[PDB]
Amino acid sequence: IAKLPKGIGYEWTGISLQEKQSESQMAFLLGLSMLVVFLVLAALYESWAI
Amino acid sequence: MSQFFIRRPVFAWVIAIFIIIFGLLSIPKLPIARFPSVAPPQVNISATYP
Numbered sequence: 839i840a841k842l843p844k845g846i847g848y849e850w851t852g853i854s855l856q857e858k859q860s861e862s863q864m865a866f867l868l869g870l871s872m873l874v875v876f877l878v879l880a881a882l883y884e885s886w887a888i
Numbered sequence: 001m002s003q004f005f006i007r008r009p010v011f012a013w014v015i016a017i018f019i020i021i022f023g024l025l026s027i028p029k030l031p032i033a034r035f036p037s038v039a040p041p042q043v044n045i046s047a048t049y050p
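Quick mapping for you: the protein sequence lines, in order, are chains C and A. Heads up, the first sequence is in the entry's author numbering, so the first residue is 839 and it goes up one at a time. Heads up, the second sequence is in the entry's author numbering, so the first residue is 1 and it goes up one at a time.
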């Protein structure tokens, strides 16, 4: 689609749009889970490095 | 009694980090406007007979 002349835009809908939305947010919802686990374990150990 | 959190610095700092993280996540999502919805809600029926 990038090769088409100017003035034509592609919009993803249906299943494809949901796939894109799911793929976009993976990193945020892995990093946040990792940080939450880090914080909880640090709380329950009283040690930052443990 | 609060001797637990002086005995546990990591535990207090972790709760503080939780608070900071949730606050920073929440701030962007909050709407921003000059005044709240103080004015009573209004509904307007309109009629026209030429």
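Calculated from the structure, these hints are not laboratory results. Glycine residues also receive a C-beta, built at the ideal position from the N, C-alpha and C atoms. Just to be clear, a hint being listed does not mean it is correct.
Unchecked claim - Sample of chain A residues at the chain C side, in silico, Cβ under 10 Å:
| id | residue |
| --- | --- |
| 1 | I17 |
| 2 | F18 |
| 3 | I21 |
| 4 | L24 |
What the hints assert, rightly or not - Cβ pair distances, simulated, as ranges:
| id | chain 1 | residue 1 | chain 2 | residue 2 | range |
| --- | --- | --- | --- | --- | --- |
| 5 | A | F35 | C | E857 | 25 to 33 Å |
| 6 | A | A33 | C | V878 | 34 to 42 Å |
| 7 | C | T851 | A | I27 | 47 to 55 Å |
| 8 | A | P41 | C | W850 | 32 to 40 Å |
| 9 | A | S26 | C | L855 | 21 to 29 Å |
| 10 | C | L855 | A | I17 | 34 to 42 Å |
| 11 | C | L879 | A | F4 | 12 to 20 Å |
| 12 | A | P50 | C | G845 | 37 to 45 Å |
Claimed, not checked - Listing some non-contacts, in silico: residues in chain C with all C-beta distances to chain A over 10 Å:
| id | residue |
| --- | --- |
| 13 | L855 |
| 14 | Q856 |
| 15 | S860 |
| 16 | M864 |
| 17 | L867 |
| 18 | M872 |
| 19 | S885 |
Violated constraints from the hint list, given by number and in increasing order: 4, 5, 7 and 19
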